[PDB]
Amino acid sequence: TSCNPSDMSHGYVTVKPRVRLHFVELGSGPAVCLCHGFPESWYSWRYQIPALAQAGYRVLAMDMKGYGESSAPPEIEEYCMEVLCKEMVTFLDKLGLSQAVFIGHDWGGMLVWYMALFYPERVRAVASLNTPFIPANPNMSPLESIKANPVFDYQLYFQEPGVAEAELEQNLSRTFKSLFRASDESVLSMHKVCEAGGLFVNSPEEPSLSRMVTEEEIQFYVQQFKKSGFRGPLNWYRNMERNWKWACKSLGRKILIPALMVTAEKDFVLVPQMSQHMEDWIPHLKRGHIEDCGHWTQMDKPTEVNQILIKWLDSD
């Protein structure tokens, strides 16, 4: 069902002087590049990697920039979509891949949509878990839309360098145990986070283990976030204006490659209806939907995700 880390092939590509990307590689056939969200790991794909490899695909599961064994420079702007996307292009180039299928989740989903938008020639097909494609509005700056949405208040808590880092870094076991839970097991404070104290303030000093994860799984994440901590990961969130500026340069060009949007019923931040008018911009869009599935889609509902991904990969 899953991956044992020391049993994988581990690859490293230098995409620029400062920066190498690590990834794990399994399988033969068309290249499928898996891109995780915040605050995750290649390992978040642990149930998909063997499944897609067995279905006849060559899987490359990334540590995204800021995570795991990939470099984690401290500057905020090293994590804007524009920089991350160019770097993913160089990654392909150095591997001698002219294209790959890109599949992302959360921030990885965002990334893959912008890859499809700006580098369609390098993207065979694109799929997102939970993250919709929303075209930028040149009259709506990002900070206004985020204030309108109360469940997005945690993104404001993430802006100030050092603040979310100190809470997240305080106790890594507690961090991951409090984050990685089914929606019904969650006690995260998302709505008035700065004023509440932080994300974890109404959550135990020793949380129980979610039914989704084992202690061993939790400890792999703990160990992975020792090397660089949370700064780079959090920087993904600190480029809103820059990313908005870059997206407005699309100037309504349309994604024409095959595309798959998978929504999760119980993701309370990336809610299904935020995807609702994607076919106005991607008319051939295909969809999948997973009941009883929270934010941590690949872990919560691995069987359903695998089924949806393999069916789509095999047809489009």
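What we label the rigid core is the largest C-alpha set whose atoms superpose within 1.5 Å from one form to the other. Residues that one form lacks are left out of the comparison. Positions refer to the first chain, counted from 1. What changes on going to the form deposited in another entry:
With the rigid core aligned between these two forms, only one of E241, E195, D93, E215 has a CA shift of 2 Å or more: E195.
The Cα shift for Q170 between these two forms, taken after rigid core superposition, is smaller than 2 angstroms.
For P150, the Cα coordinates differ by 2 angstroms or more between these two forms after the core has been superposed.
After superposing on the rigid core, the stretches of 3 or more consecutive residues whose C-alphas move by 2 Å or more between these two forms are 147 to 151, 189 to 195.
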Contents of the next structure:
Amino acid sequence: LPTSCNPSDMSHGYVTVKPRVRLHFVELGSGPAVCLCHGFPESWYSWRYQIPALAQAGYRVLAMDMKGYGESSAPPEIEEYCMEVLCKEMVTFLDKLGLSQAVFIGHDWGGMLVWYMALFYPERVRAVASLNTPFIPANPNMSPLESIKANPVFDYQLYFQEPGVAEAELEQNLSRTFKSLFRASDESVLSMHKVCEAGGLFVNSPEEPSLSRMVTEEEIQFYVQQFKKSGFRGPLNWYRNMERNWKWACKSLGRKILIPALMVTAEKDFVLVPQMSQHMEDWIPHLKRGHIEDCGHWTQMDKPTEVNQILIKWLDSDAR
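Okay, that's the form deposited in one PDB entry, but what's the structure of the form deposited in another entry?
What follows is just the one chain, with no partners and no other molecules.
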């Protein structure tokens, strides 16, 4: 029920960061620059309820299509989607727009990106906020695979490793894909914890799922249209750089995040659980917190009013 966005009525921007890589964004508002970075497998449009509210609150909002998504380039090579490359391209993005800094707010994979922007490019990050995704320092003595085996919470990510396997499932029926994923906690039709065992996300879920209370048919169809452009290889490639990302992260151990930071947890996200964020204060002294009850993984569309309230209070206080 907050004001949403009609894609045709937005300003659409395009920056070529590298010869074969152009990033698309939508832009609304005047004021301090706030760059919104979505998760997997989402869109700029995942911020549809935030963009008007933040603009109305006196910010210049730039909502990205992240690399691999929507109208942004989606090269096929896996290494184009490591965190080092993605962060270097976000800095390039700011350079070509002529922005010395922005506030970076991310969700899910985008949350992980904004943490590594805060860590490796603090001079370009005015303040940083994550929805659901915690910041956890790399362990230089535990490989990613060892980390999955040891504690198999994220073991669905093994299904995403082999190029072509998860793509065939997710691209088979895009409407079913998005209707199956984009649900409230209590409406779930699949368990991310059971993916490995079953050999897929939707192997035991309805062929024709109902529409979640969170989304309309027209909203689903927007995602469908966006993912017809490049499909799921680029999006999935975000998961296929585990060793590279771990090595890069290990180069930063010990250094803290001292810029203003906000961590927002979601009570009913059963993958990125609130408890994963405990002790972040040890590495982020200037850490503020928020929490949303009755809120699952799809934070922005499950509880948009609460997200908007939290982000605007924090922005008005600690990033301005």
